[PDB]
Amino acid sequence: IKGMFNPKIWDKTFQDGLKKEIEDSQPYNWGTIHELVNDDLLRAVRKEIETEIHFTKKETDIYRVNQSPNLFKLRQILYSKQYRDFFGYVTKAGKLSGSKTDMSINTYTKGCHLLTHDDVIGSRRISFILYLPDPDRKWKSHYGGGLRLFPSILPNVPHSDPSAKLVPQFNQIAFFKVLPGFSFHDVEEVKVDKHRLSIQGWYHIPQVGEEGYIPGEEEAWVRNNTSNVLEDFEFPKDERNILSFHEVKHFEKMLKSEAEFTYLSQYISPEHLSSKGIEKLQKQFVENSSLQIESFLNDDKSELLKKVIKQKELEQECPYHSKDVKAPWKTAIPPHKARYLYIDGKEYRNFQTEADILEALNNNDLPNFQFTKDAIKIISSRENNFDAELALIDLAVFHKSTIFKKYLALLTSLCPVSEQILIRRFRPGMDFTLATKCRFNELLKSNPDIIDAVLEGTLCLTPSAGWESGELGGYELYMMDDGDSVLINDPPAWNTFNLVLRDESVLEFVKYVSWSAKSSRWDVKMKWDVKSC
């Protein structure tokens, strides 16, 4: 007497064709029904929400999305046994509690986005989401908002690029047995000004005294989810190369030059080489444990970079699939921890297969921006593709100079003992990172002299405008954990230098750059391990 869905969902020859679609489905097992419910019932339950429900915008590292009568009816007929049975059949999940229900209504409006994840929380068995776009008009693909599925190139290593994506329509449902490590999906940012209404939900383990219930099963699942060995599949790695004994020795000695100050002055702005610049820079750090230099690079370099970068954004075509990223550039992986372009001093890697990865793990090389610089320059119009790189690689060498670190030690009265340097490019479509702590060196933590902190520096070279604030994304965020505690929320800017000294409690990330960004965010990141001087 609840057969008020699409009559066909009850026709067994449709049901059977459906279990065999889900079976053949790629990259993991998922399915979609095109007009799930009685058209009249949706229009009603949409109309209702539209006039009764308040949706407020929320933003974290992983998403931006606006959250929160006969809607009740829809909730009953979905957790109805007539439907649960059918669902757990075509989907091959077996039994699923109609007692423990959970749904959520959300609108995705322009700029709203959920990026990659596997939906695997606690007790969820099957995940589904019915869509509620405008019934009267067709939802075009280019509007965005599509649901995207990720091929896994290793259990718990989703490929950076999605391989499936459906443009959902009004009465459409998408769902999938939640298979841990594989069911990676996200929702493509909404690139147009509209409000895509949606009802997400989840069926769960059958509960105590419920049809299909097995004792201890529920916990044999969630307690199962606890390992970190996946660390090895993070590129780039969060580990710092140690400094030559002479670099560190030299620094200590200083804290117990006419040629040095001229070296420094050919990259950094006179304002910060001056005694009173340095003096102020010293004052600020001592108190804030950070410093936020404006117009850091001197004009000659600031000009050149801006020129080659603004020129690469315009005359050039940014690769948007990982397979398309060409040397010197690598793409950061996996997509459920981050996704951005970058050049480190290392040998070229394009991870498409498990073997590509394993290769790089066995043949692990050390960073060398000089060799890299040489190699690019030997090649040589697409060459503007390298104009920006050469410019930026020169910039990399400079911050790898023992003189620069001397300058750095001076500002901070801290001695650099290690170094990592990465020049990164976040593209409006795709790039971002998520809130994470820093990875102190395991070899060093067994040592007093090196304090439990990482000196993190970021030199933004983002040329374009409108990064305020910060509905365009790309902003860098630091903050504590355990109500908000954001310590820095710096939108992308041109020619700024940020220095934080992070302990464990501080989490950082640069927010997904929105598709509507006028350019990619460029910057040079640099971490150092640090001793007391």
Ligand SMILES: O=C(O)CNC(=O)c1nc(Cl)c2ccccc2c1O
Second form
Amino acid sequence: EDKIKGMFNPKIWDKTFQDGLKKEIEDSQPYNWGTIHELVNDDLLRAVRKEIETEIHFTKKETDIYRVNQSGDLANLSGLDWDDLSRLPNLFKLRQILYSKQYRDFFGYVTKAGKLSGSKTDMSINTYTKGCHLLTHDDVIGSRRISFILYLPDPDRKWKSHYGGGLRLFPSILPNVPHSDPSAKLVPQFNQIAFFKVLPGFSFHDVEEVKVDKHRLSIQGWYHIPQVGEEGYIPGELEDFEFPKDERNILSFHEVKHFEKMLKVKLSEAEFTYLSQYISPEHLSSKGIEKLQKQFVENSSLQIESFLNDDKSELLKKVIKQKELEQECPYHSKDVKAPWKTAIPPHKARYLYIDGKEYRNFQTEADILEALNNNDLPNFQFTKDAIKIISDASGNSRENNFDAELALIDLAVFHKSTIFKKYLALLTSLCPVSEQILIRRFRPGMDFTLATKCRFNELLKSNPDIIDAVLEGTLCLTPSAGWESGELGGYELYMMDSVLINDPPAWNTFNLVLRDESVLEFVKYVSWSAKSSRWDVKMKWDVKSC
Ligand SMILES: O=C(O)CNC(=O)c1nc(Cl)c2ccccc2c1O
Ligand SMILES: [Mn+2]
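With the form deposited without this ligand done, generate the form deposited with this ligand bound in the same format.
Starting with the chain above, the whole complex follows.
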């Protein structure tokens, strides 16, 4: 058609504009990308927005990595059928011009992408409303070659930075290892397009949570590698960088023999006394133990309420609330200080944790390689010792004290005790043979994990006595309200590869799950709107049957 070029801003046909844009994309950071303002005929795009509002039904969908209002799921009668746009003539026209030979020649030229398919049209229409988000990903799927997003928020009002919903780009520490924190954030406006060549290991981006009751509407899509022969196209013409590691340390022979001897309520008065320092009387009585045992036999899981006793519940709630209220939480990995670490990389997870290992702050490749050449083991008492020194020098003020960290480490030490593992073996009739304990904090608007399976200990795979499962515990210490609906996120989700557990954050609960090879788990992204972080203690053990 003669009219296709005239449906765009005439600047994109100007050689001088094209060459300048090609150079800007070439020299962009943190990987090659670009943006064009006022792309399309304003009346056309306005007409498209009206059609969308009028004709398209959006359906909220939530997974580990996103919450979005989609229109594309053809498992909904509601699902948008791109083969039938009878009532969206202007949308039909928009797709036609974006995949035109004319536009593709311009666009492939400035992005240095090579040939682009005109027939492989690939678009979807979505809105992000309050709490909606999409976490870090690189778009690498199939024949996708260039990613684009055309923004259609209200054309007569400015989208503002504090609304959220920014497009964020993440720089590379090394290939397939994006930095945890983004280095650029685009605030989208009507008739702006953002785009980038899809680059395995590099083109990491996300959609910042929408923080207000506004509708962030977009059309997002891809240009693909052409079909074979299309316009003459001829084909052909990392676990190491994850922290913390999903690894456990084997227990001493002293411990393991204790558990065996017991399994072949046999705890002593002194052991019950020790347990009663932390655990509520309810769960140490003969009746309570029997109930928990029966529950674990039937479900291969426990969900305990009011796990810790009142003394320790009161202490931990106090110091955690004080820290929430009176201290400045770091919101960039560079600002995080001992004893905390940031989980990396961000296309897998982001949260703060205490593991008892020497301090690490991963800003460069050198930082990571140094850790990989010098593996060290957890030691929580040394971590405590280190905190005291830091703490004395500064002065232990309301603003800088480590009261929460010290109380939490004391709790970790309890769960590390031989006697606690004996109680665990009693509840489960399983013998722990390894352990990993982590204290975790999931900050509002930053932190999450994605759905993953347990990681078997490879060295133990051939041991017949060791169960093909990982026993996993979670002690939640989240003192704030408003979580019950799941709307603020932070819920612990266990599901089969159908949901086994879906528990929003709560105060003083203990979940215990025997995971076989296929069970998936994650902690959902915590909304910016949450009233505190999710705080918990995570425990994992290899087990043998005795
Ligand atoms: O909207 C934006 O600024 C960035 N959006 C995305 O990167 C994005 N990426 C993918 Cl892979 C999908 C995929 C499906 C639906 C929406 C998506 C999306 O908004
Ligand atoms: Mn994307």
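Here, rigid core means the biggest group of C-alpha atoms that superpose within 1.5 Å across both forms. Numbering follows the first chain given and starts at 1. Only residues modelled in both forms are compared.
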Once both forms are aligned on the rigid core, what are the runs of 3 or more consecutive residues with C-alpha shifts of 2 Å or more between the two forms? 1 to 3, 215 to 217, 378 to 380, 382 to 385
